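Student: Below are the chains, spelled out letter by letter.
Protein chains: 2
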Amino acid sequence: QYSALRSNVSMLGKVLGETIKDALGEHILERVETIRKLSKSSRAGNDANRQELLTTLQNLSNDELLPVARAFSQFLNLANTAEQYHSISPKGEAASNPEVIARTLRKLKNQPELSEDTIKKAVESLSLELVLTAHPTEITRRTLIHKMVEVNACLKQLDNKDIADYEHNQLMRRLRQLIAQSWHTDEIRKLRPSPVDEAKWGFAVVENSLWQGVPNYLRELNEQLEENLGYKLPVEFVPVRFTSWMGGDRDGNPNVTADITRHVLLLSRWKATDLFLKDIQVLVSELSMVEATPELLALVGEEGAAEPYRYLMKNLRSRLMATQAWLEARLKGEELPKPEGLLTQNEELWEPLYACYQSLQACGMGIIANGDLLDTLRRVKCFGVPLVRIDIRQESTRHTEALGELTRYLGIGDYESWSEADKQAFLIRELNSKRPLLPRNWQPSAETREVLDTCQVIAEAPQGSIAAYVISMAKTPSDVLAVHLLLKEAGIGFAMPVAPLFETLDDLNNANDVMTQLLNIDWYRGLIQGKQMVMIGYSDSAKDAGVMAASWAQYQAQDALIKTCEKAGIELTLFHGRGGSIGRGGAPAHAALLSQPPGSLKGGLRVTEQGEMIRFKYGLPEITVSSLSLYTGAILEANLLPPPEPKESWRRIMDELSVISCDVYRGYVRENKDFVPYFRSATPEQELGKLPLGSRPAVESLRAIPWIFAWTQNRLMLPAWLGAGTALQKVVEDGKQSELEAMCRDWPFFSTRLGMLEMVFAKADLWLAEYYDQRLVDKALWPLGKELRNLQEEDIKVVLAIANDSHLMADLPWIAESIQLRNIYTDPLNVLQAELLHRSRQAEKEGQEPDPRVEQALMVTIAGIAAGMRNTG
Amino acid sequence: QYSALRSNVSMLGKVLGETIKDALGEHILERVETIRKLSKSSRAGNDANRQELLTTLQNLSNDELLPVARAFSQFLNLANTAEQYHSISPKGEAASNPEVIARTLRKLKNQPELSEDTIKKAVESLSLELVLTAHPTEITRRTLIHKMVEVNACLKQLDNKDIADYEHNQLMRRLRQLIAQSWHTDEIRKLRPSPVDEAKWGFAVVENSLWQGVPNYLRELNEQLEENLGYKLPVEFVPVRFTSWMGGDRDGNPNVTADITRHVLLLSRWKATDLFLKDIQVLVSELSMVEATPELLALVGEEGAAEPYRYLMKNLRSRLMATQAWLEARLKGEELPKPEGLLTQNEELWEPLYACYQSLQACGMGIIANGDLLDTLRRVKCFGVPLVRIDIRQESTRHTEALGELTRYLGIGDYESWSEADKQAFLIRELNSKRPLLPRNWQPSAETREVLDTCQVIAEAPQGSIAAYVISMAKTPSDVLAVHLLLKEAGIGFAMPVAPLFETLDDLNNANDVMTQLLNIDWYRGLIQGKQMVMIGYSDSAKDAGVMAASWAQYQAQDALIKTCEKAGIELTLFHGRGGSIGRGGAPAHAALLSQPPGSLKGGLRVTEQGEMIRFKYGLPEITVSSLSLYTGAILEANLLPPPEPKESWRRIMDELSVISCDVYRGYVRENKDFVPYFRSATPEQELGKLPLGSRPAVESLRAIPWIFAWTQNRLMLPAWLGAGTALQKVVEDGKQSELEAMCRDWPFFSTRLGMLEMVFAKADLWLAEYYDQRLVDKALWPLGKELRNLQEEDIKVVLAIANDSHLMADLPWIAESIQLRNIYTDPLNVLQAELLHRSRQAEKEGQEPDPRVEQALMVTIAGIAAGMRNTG
Ligand SMILES: N[C@@H](CC(=O)O)C(=O)O
Ligand SMILES: N[C@@H](CC(=O)O)C(=O)O
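Protein chains in written order, with this note's numbering: chain Z, 839 to 1711; chain F, 839 to 1711.
Keep in mind that a hint or two might mislead.
Repeated chains share a single entry, so a pair holds when one copy, or any two copies, can fit it.
[To be verified] No farther apart than 30 Å at their CA atoms in a straight line, the calculated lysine-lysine pairs in the DSBU-like style are these: (1) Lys1574 <-> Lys1170; (2) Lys985 <-> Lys1152; (3) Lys1624 <-> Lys1683; (4) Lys929 <-> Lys999; (5) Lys1070 <-> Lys852; (6) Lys1219 <-> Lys1326; (7) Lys1028 <-> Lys1152; (8) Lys1070 <-> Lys859; (9) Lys999 <-> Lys852; (10) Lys852 <-> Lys878.
Treat the hints as calculated values from the structure; they're not laboratory data.
Whole structure, please, built from the sequences with the hints as guidance.
Tutor: Structural data, given as structure tokens:
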């Protein structure tokens, strides 16, 4: 029963509607109401109201565009907040209810042939690391996280039956205030955000939600272990860590220079000082205890021995205040010797804090220890000094060029011409060399200098600020050895985890070969210290060969690497990229984590949280708890109860599925002559590049994000389904339909794969897709349009047939329902966006000036549409 | 049905009990449980358990005393918080429900012979000014306001039925944390607090409750005017103002020197900058509007004309940050020229803020205007630059000495010997003199210099920092003229309101004569600018002549002054002292404000909020709303519907009552030879002076507070009832009992007076009173003890008889019930305090050292007892 949800959306829409009424017009509200009516009509076949819609939109003046677009965008905004409130609300989906953890724990516990020590060890070895990434379509100048927390609080309070009418009146008064705020507090970036801006949004997510969320997650998790298993993890064990790529990822982004990284690195520390100060203030005042242990008194001895815990907190406050002061100078561009007690490592924070905990426990003040201090202890290890460690990522190709240029300058030869055996020879030689290689005062090209400067920032930064060096486009063993050489030349004192990123079908296919050669080099083996971390690029390989082939390729590569590393005694860590079924969030993700080759999470969960899903996965502290709890259950279950190995005939169905699907996908994307011209007309791809959407500067050249995003705006969702159904119907046509059904029933990998198409098919919309062709595509490309649309119609059948259902994502009614709601609310943004694109595109055709009203309205729909559709890849 | 209240106290006591169990013992919990059982028994007649109680207490070791006392004190603490939660809770007494205002407003509205314009004018002329005073028994080193706000929030959330069990578990987890905090976070001042400390507690009350409370009160009040009367007061009208005496009152307090006042004056400004900054941060970020009026754009014109409201807030932020910086230097003792934009006046804050409001309204952003800005606009006028204006107060006697010393130094004569006609002559002469009088570089005595220095601080401070100069002990017209002379010599540019404080029966009796002579002097008349403000000292006159005579004297004096000023065309402002029926809080206060001579609140409500009642009247923001709402209703009703004038025979019953009562009261307090010796034995009076309770340094010499407080600890409540009943029974005995009953039925002054004895009789406790005599008083004084106790037994009868009831404060069941609960919880503190006093008093007798454990336990009971008993005078 989704009645409460329906009530809330209606309510919020009434207050929003009121606000627009007050604000500036009843005219705009009529505009809005006419467009929905007319669009609903047109869809239901009325071809008279289709004309009326077309003339209605063409008659909108440029001064109506933005308000209309914002209007539609606001209603969608209210729907998602109603939707998200419902999810954590105990009388609704209840996402954050601690049973999520307990259900997993009970299942494990009463499973024969599962020793209790086996379960304990899996618990003690848990590890999660969530890597935040930028939001591709964040359209405003300042983060709205905190406002959202407030709107949700107001809804929580109104949920209480028995609320005295005066309280209700008060609550509604603030609610009205808050909605008016957003209608009138309009901010629209005029210029492309910068890596620092994006890095800043990530700090907003940390302070408005992760800061409270992680410790609550850790408290609940701990209560559940004791209740169900009979023990609590030790205080020193904090299995969660947050990392960011913001200001760390330079892959394809000129604007993320070594200077910016240096800066962002600095800012994080400034912000950790900001948040750590608030924690310590509280502690300085609340720890008025005077009873301490011999050991703790020793640690202060006299002076502050009459207010011991307060002493240690007072010291740290100063030490934090000192380093704060230092970093604001550095941020300003002022160089000045660093203070006596500058903070650089988490141990410097941990140490004293842990001292208090111990004496408080020892001395009978357990409940005080396990309160605010415990929360601070865990934030120390979860976020610490750097607040959020960053990851650096550059293409392999750029490292080759840096090293080629170097070698020709030195007269040694030209590294980018040598065979791969030669490069390894050269790299192992130099890696063992005690004489330097990088010329004292050199004059390389801009590019090369950037490569060199960035390793200098890495080297310069305090150990533990940078999590890893990711090599996008890794193809050979020399690609990994290359960055180790550069880091050595940059003077690095510690071992920095380097990770190849295989993100193509063939790279995926060669991945296990690439790593066994690497593991065979004794020098390499001893440098990683029994730990490797690979990165699987599902999203980019999917752009390469289609999702089915991509998926199967990934399945196979992880299975081979798990095995190879096991032989070799290396603790493998699979690093997951963006989207896919692992980035679905919620139940589907739990399913997806469990549907990976056995071994797969033995070395932890490390994932790239997609930018556009942060609100939906970590948007509020309770959603954070849900998300971390969901994942934690998946780790323990996947490690204690792995999926079965596929039957050999299944493997053969996958090979063939994979071939047919890749074959059909490339047929259109690469081989077909009309595609590109089609693609640039039917989707807003070109304009996604021009507008100020991401920090990167304004089919093989494109990147996954822009590929996926452009097709989602169009509503066809092309990238996430294309050859899958076609190959599946063909296998059905050989009478192997019952094997397909067994695979689905018995092989997690396969149901999960099939699951994922349904959701995509659930959000896709062929009426809208066709609407864009009619408004934006030239008549000669219409045939391709219908062709691709009919391909999809036929693919839902086969999938529905294999799944033995008639509705579409029938095992997930809440998600199905939530998709249904957003789909109606997103509807008119798509209807309006087609008019914008047409207005915008004819101005340029008529060699005219980019009207700011038309572009800003366009930017609103793009962000609206992206918000309603969430994950589509 | 007080079931929910009973549940909550039980719950909180269980968690507290748990906490002591964990903490350090089951032994202490046994100690606690034994004392209650044994004390309940002993009271119910069991004279075997009375022996057992006496031996039980004597056997407590000094290491058990404090924990036991704290224990009992904590339970009482939880009861008051349960009690206070209940009061504002909508499913309980509901103190803050806006109907309080509406009921008054409806009554007025449908009252014939009450023009709507008459009501509007009374509304537009409302005025309240609450003067905060120090808390006589604040025992800890840091304010606990904020913790209390939290405990109450936890209780609010648990009140919601339908709370998911996980939420309940979470809530209880914090609740446990918070209770443990207080059990273990023990602070006990070791040394007398200082005026700055006391001034600091007042800032805690302002930020934790008044800051939110005043604007909410103003919002509710405004919603109610529009709903019931059809109009809202204008934005510029903020009828409430908070003032403090902390660091302003030197009456009898050496430690409040001109230096300290200077300091406190400075600190307030520092704190207003602190709180005003938080308001402006919010505004700087939320006012992103770009549409402004001609006028507003003009005010910025270019530069910030692309972010206008944000401009003005950014300017003010800087200006605030500037003056903040300045004051922290001055606070430190550093003198340095003051910054360009130093803030000194509320207009400097008001101006810009009001500019935004106007354009926001003008431009269609009404809802944004009436939100956070409106809250800041009202705090500007309510608290402003100084945060809380202070009042200065010195005795008249000290001004005489300053001026005598001056005059003998100058060879002019000796002012403190001249008749009163001469002094006025001298004062009017000098007040009109253009030649100075105060010697350029003089050498007076310490005292005189203090008097001179303080007027210098007054003069030096920015206009609007000081509300008024109060003259305690004012007896003649020269007393008021004296301070005007001194202020003139101190160089003062504005007219400073001076107020005589009549606080004796004869001064009260002469008060109207004193003011008509003052008003007859043309010079004086033109200097006050049609405004005088008198201060009535009910509490001290009661110490002089007993409560009945005091009350009647006050009634008569206000009636005469109202009349005199009306003739003369002067807007009189009665300033109310401490306690009495006006300081009862809640319903009784509303009754009491209404039972004052007609005219009485025409010039506003100005009251001295008693220190020990702040938690109960302004402890939380919703209690603030209740308190201000209650008072506001009383003002409008008292001004539009005054009480009837007393029948002449009533006036004659009052005269006689007054005489008999004063006669019996002085018989004991002054005339009786055993009283003083009795008094110092039976009450903890001597120890209230020695211990570090107030900031003042360690029967006629005593002050009201210490008089009242000492008798409240003893439980006899002597000061608040003594001769009243005795005179009343005597008048009954002449057969005038039916006139007494008509007076009560028809004369508000009289029922109110009678009401007030009941409450006192309700909290008094003759079993305990007698217990202290038995443990602390020498056998020869026992007779006086019983005599005074039997006096009270007989006084309840007569009062009950006149009131036509059998229970005691039967018209107020909630207050009756709440008194009943606190009485049981206070019970054991009184039982323990007798043991402490005996232990403490024999140590000194045995010329021994003040054991710190015995004194600290004693300090806990004193504060406990004072907390449970609230207002007793
Ligand atoms: N995350 C959901 C879709 C959504 O909630 O937008 C899914 O993977 O099906
Ligand atoms: N203020 C109440 C007593 C109390 O609540 O303690 C009264 O004047 O009766």
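Student: Please work out whether the CA atoms of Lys1624 and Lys1683 approach to 30 Å or closer within one copy, between two copies, in both situations, or in neither?
Tutor: Close inside one copy (26 Å), not across copies (107 Å); limit 30 Å.
Student: With identical chains, the pair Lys1070 and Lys859 could be close in the same copy or across copies; at 30 Å between alpha carbons, which is it: within, between, both, or neither?
Tutor: So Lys1070 and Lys859 pass the 30 Å test across copies only (23 Å; inside, 56 Å).
Student: Indicate which option fits the pair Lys1574, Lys1170 if close means a Cα-Cα distance not exceeding 30 Å: within, between, both or neither.
Tutor: Classified as neither; 67 Å inside a copy, 87 Å across copies.
Student: Is it within, between, both, or neither for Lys1219 and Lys1326, if the alpha carbons may be no more than 30 Å apart?
Tutor: within (28 Å within a copy, 66 Å between copies)
Student: From the Cα coordinates, with 30 Å as the cut-off, is the pair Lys999 and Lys852 best called within, between, both, or neither?
Tutor: both (21 Å within a copy, 28 Å between copies)
Student: State whether the alpha carbon distance between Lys1070 and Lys852 is at most 30 Å within one copy, between copies, both, or neither.
Tutor: So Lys1070 and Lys852 pass the 30 Å test across copies only (26 Å; inside, 48 Å).
Student: Can you tell me if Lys1028 and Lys1152 fall within 30 Å by alpha carbon in one copy, between copies, both or neither?
Tutor: So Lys1028 and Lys1152 pass the 30 Å test across copies only (22 Å; inside, 45 Å).
Student: At most 30 Å between C-alpha atoms: does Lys929 with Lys999 qualify within a copy, between copies, both, or neither?
Tutor: both (12 Å within a copy, 12 Å between copies)
Student: I want to check one pair: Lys852 and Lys878. Are their C-alpha atoms no more than 30 Å apart within a copy, between two copies, both, or neither?
Tutor: Within one copy, since 20 Å is at most 30 Å while 61 Å is not.
Student: Tell me, please, which holds for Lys985 and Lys1152 at an alpha-carbon limit of 30 Å: within, between, both or neither?
Tutor: Between copies, since 21 Å is at most 30 Å while 33 Å is not.
The earlier numbered hint that this structure contradicts is number 1, and it is the only one.
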